[PDB]
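Colleague: Each chain, written out:
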Amino acid sequence: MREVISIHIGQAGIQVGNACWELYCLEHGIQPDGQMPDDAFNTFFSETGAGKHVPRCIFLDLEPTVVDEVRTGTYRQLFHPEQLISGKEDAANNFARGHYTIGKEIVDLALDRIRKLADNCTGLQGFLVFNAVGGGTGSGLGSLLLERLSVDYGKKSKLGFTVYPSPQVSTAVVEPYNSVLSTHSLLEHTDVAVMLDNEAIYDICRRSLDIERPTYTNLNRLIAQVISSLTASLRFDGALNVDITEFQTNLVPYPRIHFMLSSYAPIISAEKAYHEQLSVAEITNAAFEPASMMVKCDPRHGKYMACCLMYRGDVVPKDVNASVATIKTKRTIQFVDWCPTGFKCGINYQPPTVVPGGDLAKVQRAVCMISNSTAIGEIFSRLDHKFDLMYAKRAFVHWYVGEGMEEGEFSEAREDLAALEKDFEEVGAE
Amino acid sequence: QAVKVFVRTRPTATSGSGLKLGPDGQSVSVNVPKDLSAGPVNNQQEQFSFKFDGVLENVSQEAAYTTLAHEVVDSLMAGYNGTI
Amino acid sequence: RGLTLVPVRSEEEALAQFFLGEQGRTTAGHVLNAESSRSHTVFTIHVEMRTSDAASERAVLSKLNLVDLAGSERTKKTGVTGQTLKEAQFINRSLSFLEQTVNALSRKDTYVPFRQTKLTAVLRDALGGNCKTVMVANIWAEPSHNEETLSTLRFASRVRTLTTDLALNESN
Amino acid sequence: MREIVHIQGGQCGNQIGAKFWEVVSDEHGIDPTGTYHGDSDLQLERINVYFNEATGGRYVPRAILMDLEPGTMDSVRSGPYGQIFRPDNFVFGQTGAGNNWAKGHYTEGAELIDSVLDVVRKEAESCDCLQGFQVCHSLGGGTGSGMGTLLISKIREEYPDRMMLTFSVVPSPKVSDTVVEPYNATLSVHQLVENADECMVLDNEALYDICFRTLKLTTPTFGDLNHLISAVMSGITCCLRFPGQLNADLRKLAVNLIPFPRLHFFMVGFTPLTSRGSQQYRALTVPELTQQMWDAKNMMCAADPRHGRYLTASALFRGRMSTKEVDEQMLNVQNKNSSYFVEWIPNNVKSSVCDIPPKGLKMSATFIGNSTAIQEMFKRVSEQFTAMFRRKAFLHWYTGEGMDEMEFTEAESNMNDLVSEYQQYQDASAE
Amino acid sequence: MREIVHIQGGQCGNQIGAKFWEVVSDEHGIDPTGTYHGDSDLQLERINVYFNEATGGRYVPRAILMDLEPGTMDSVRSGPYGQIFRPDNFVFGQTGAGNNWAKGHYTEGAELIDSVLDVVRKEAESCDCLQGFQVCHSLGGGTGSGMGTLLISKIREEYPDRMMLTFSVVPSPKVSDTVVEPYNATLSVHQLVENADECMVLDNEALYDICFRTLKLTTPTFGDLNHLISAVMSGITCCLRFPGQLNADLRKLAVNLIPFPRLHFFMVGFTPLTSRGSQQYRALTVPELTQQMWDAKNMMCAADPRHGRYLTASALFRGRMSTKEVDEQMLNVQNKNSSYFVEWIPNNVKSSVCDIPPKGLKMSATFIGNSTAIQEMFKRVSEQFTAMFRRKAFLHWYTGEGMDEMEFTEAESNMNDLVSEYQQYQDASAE
Ligand SMILES: Nc1nc2c(ncn2[C@@H]2O[C@H](COP(=O)(O)OP(=O)(O)OP(=O)(O)O)[C@@H](O)[C@H]2O)c(=O)[nH]1
Ligand SMILES: Nc1nc2c(ncn2[C@@H]2O[C@H](COP(=O)(O)OP(=O)(O)O)[C@@H](O)[C@H]2O)c(=O)[nH]1
Ligand SMILES: Nc1nc2c(ncn2[C@@H]2O[C@H](COP(=O)(O)OP(=O)(O)O)[C@@H](O)[C@H]2O)c(=O)[nH]1
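Protein chains in written order, with the entry's author numbering: chain A, 1 to 37, 46 to 438; chain B, 4 to 87; chain C, 174 to 345; chain D, 1 to 431; chain E, 1 to 431.
Simulated from the structure, these hints should not be mistaken for lab results.
Among the hints, a few may not be true.
[To be verified] Below, simulated PhoX-like cross-link-like pairs (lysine-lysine); rule was C-alpha separation at most 20 Å, straight line:
#1 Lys54/B to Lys7/B
#2 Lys122/D to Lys259/C
#3 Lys7/B to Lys259/C
#4 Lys281/C to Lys401/A
#5 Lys338/A to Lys352/A
[What the hints assert, rightly or not] With the Cβ distance kept under 7 Å, some of the chain A side facing chain C (calculated, not the full set):
#6 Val260
#7 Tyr262
#8 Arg402
#9 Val405
#10 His406
#11 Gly410
#12 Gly412
#13 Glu414
#14 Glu415
#15 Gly416
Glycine included, C-beta positions come from ideal geometry on N, C-alpha and C.
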């Protein structure tokens, strides 16, 4: 009744989808074979007559290795084999490759499979598109797929949980290029974009989880917990129900401004767990601590526009209201002048489940704070000079142009992120 | 010895909505329409102006040649090189 | 080297050679243009001066390159790889290399590479060297062609920064 | 399902390819009779990259060996892994090219090139999806360099979009093997600049330095140098053959490495290269691997990177490792040695991770650095080429093969243009 | 129950026919004494296509061996399978034609042709239904070419509607056996154009090249060439003798192959021809067989298909195979080599599949290509004929046999007309 279609594009999208679907299977009790020994699964799984549940997801990639790892792993009998879509040639960190030449047939097939998936849902709350801004598959194919989805499905809430390149640390070289291109692309298609930085999640893992050697599996587990907290009000009842459609109206003040910081709490290992009270007020304070933000973007630089709080577990409205009142009275947290309310509180009675073998502890309370703030303009400011620094002497431009792009496209993308900078400054200023 | 970047515009026989203008034959400006739906009063990019060595909105080929490469061909016969 | 230089002594054979080139050049169907030019064509008129007294005095070494580049396609309408997109990618790469050479010349860096494509290799003496260059920017004002028009205008504006030499080179 | 067609050229190229195929079969658990004996699913998972299955369980390499003299491939066939290769993929002439690039490119390579392309097309069309070709050979050799460049040109014409990878053994700086090395190298670099998409520069003297200083060997024969080169050629594509936490194929490496098309010559190195005495004494950590990686001595090219500036640098790590560790270490390296790194590229690092390290090694890492230091190698080769060409020493051998004298000047001009290209991006300033 | 009358003519024809009958008897499980020793129902199911049952379990071939000198027939009878033929089907003269077409067609051919026709009629009338006649011989021989042309003309007169199939071994390009080969071949081509409905062109030197290159044999005698020709001759009719998933008889092949009546000369090939050494190494797949099929080296004719244009091409596959696989492979071949394929025929593919492969081979495929490439062979034979006829060398015997000089000019005129038609349909454009 409340179905949500999940899309996972590129290696990062698929590798966070693995964590997401492990978490959902554990949360609903579905065994990895496919069937479980009411109807809370319908948001993520569609049940067949034999009792086997197949998830409403689509694993899209131009590279065979990542998808074949899923085809060979434990979840080979869960996902639909036609839902797993693999290409032949990788996008090679080339947005033009993943958006103009290789991505065409793959996005056509993905649209067909997504249409088959959406015909199976009575209602449709929206799409959860999981990609990584900074790779040809994630950027190019993600943008192409989102454009086609906007064209055909239309008004459906598309939530893009994108991973943006970190300020200083990075793994690619043309990452600023394809990041700017994908930002230009998805500025006008996705309805709510959630920004994530590997650097910030690494800092979270190092400081709170005490993992001196964080890895992608840990990052994806944290992201999956955030997504499960976000979707908890779809599957499990509780006071202050929130919906995917409510996220848009209570978080996006203007359509251009829809990029969002995300922060989970608590992030504590078992050893340090049950050593602190972890009350509602304290976990809200931790969630609004600048360190717990999963984007390398200090909120103290900007001004909060909206803060949607997602509480899970034994949380009472009296405590949540007292905590948010303390947050409002606190001087360090600063909101814009034109948003006196600026808070979207939601509670739920299903605490987040713990994945065995993970580092997260079993905590009876959880908070996912998703904030629209003008501070996020800082990351765009960083990418805007990282782009033009190489673009001044046209580094790597021949690669992108070789797959059917033009210098005008680079100029247009740069101008659009400049316009986004002006948008952030304008909305921040009185 | 300078580079004389001239601009010539295709006369749209269908007469589409033309946004370019030339005030004095030197400068050309294009006004991209701001998208009303996308971020109302939150876009801030509408105008793009440039200055060149000449603009030809609608001229015959004779006029185009006379204003484009006559000097270059004259230089060619005066021994200089030329490239259009 | 290896280019068939054809001497001309009257207007009619010049016209005939040019129209033979017009026939021989590669043109393909396209949505924006019925017969799009899918190749950068270069028609060089080589002029060899000699004085009124002549007798081996102040001769030869003059050039005039008339070049019609291939259009810069957005590569979202063509689609078909059947020698409409595969060659469009090459056209775009050559044009981007030309624009990068223009950027390096405007910055007036030391070497400003010319070997990265046959286009810059052919126009090495042009755009610099000792040659009077006059770029033409053909634009098309349409409600949806504004992006392409602005790309052309930006390239032309960055080209205007350049200024070359004019040496009365003669025969050696 | 992304195949790679291997080609070996000349004596040096054929020996390197034989060692490379031995190492690949070892890593995939393939015995010299072709039967798989590895007892691991991942080894057979992506075996189709390098091998095809015969009627039985036999797995034959997708390799093509060329030579103008049959002695080198007779030695190859007598080698330990000589029987795996297709008997049809041994293509030989009758008389060898006397260290003459002209003979190997115009006179004698012309007849054999048709058979070579026939075999190459037969191997390539059989492939489902073709990542590209890798050609192992040596600059400064007649049949090797000549046929390598001619074949690379032909394959570029046939498959423009397919990846081309070259492992070229550039003539060593200090001690030269053949006298006409500068001629052959200068003529071959001209073809590699235009045709080869991705090129690896290797020097025998740099290999001798690495094996005598880090490996501390006493009698390093050519087998050991070919073994190190083979280890690097495996490490460059292990992301194609094994699951990786952050995988990166050959085209991804090329895109992230090459800023401008002509600057596709790379110095490469392998880690961890440890002496037998200090194997137990060394601690396998990602910081140690990176520290050994960024040493100039680890480079298998003669040029040392300290003189030049790193345009880009990729590192393909292998093993169960922390991506946070890897990224932090290489960001720290960039910050500490920012002077050696190009300013107008904010991040000069392409980091990739694979989950399957080579056998015996808990961790490993192959490095591919594009730096302007290779300027000095090209400059030295030009300092020799011009000295010989002013007096036209040995030029009659090349001229009598039907190659114009103008071609030498044109090749030198191209090579010096590349040198100045590297210099411009060595001393170019931001803004 | 669609019978075929096999006729062998001349020494080469008799040897090839003996090998063909040995191969067919081996395939059908017939021992040299004729008793069925096959242990398979399908072998006897359509044994009547080529053989007849005697009073006992003996089976007699429907073969006629016709010659002017008894030595070749004595050798054939002393051979391993010389006893199968009915002793009445050996029609021999007493004085052979000295490699003289005039002798084999006019002087010595008149007497023996009556007995030959009598035996042909006796063998044909016994048949329930007659598909037609197949005559194996060599162009460039007196009795061979002579008996072949005269008998084919007589059979054309008697049975106009019955299929006529010829296997002519055309004189080889570079090395010729007899001096008068161009004369005999030119005289025979004129008759084969007019009378033979369907003809295969074979070359001894193309046979030599294929057996030395693909088979890699060291000292292969004429027996091996006859073996390969026999394999093609069997595969052309295995659809008649064995069940087929998509069967196609001789007349179906002729209709699908011959666009215009005069262009009925075809070059054939057989796959898979694998060297003994690489038999274990090659992969037996439909794509592999198609790739070997479309190679110019696998073609049994000296003329290479690359020079000409394929008017049509039929492929008779044998074995348990996917019809989708075969059709997709051959369509892909056409798409790739569309430059070599005639434009005004939308599909140049005639694929037939039989369920019973030859003994020993899991799968096989015979190829029959009608292409304009044979133009160059006709041109070469004309270049030899004209050179000899300009000086009238060796013309005096043909003059003394009662054959007019005008016949040489007429034969050359028709042969050059065939060359012109090949050129016309090679360079004919659509619309
Ligand atoms: N948070 C997180 N990010 C990841 C993970 N894996 C990869 N990434 C990021 O994803 C980016 C590239 O993703 P992809 O585009 O999918 O890489 P790919 O599969 O090779 O596809 P292409 O590079 O586009 O050809 C890298 O810059 C990484 O920073 C992961 O497991 N977790
Ligand atoms: N690494 C390595 N290099 C070699 C080997 N054999 C020869 N070389 C080098 O290859 C260079 C060129 O020789 P080569 O091209 O093989 O001669 P060619 O085959 O006749 O053209 C020489 O300078 C040698 O130093 C070998 O086994 N390993
Ligand atoms: N394949 C094959 N060809 C043969 C054989 N014997 C002869 N030939 C070829 O047949 C050609 C013509 O000889 P042929 O007509 O039989 O001589 P004739 O019997 O006197 O007319 C010669 O050029 C030979 O090369 C053989 O045993 N096998």
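Colleague: Does each hint hold? Answer for all of them.
Modeller: We went through each hint and held it up to the structure:
1. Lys54/B to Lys7/B: Cα-Cα ~11 Å, so holds.
2. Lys122/D to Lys259/C: Given that 20 Å is the threshold and the Cα spacing comes to 24 Å, the pair is violated.
3. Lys7/B to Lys259/C: Roughly 33 Å between the alpha carbons, so the hint for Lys7/B and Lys259/C is violated.
4. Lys281/C to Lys401/A: Answer holds: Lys281/C to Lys401/A is near 12 Å, not above 20 Å.
5. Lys338/A to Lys352/A: holds, 18 Å
6. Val260: violated, 27 Å
7. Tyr262: violated, 24 Å
8. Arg402: holds, 4 Å
9. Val405: Interface hint status for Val405/A: holds (6 Å vs cutoff 7 Å).
10. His406: holds, 6 Å
11. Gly410: holds, 5 Å
12. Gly412: Holds - the Cβ of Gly412/A comes within 7 Å of chain C, reaching about 3 Å at its closest.
13. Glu414: This interface hint holds because 6 Å falls under the 7 Å limit.
14. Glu415: holds, 5 Å
15. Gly416: holds, 3 Å
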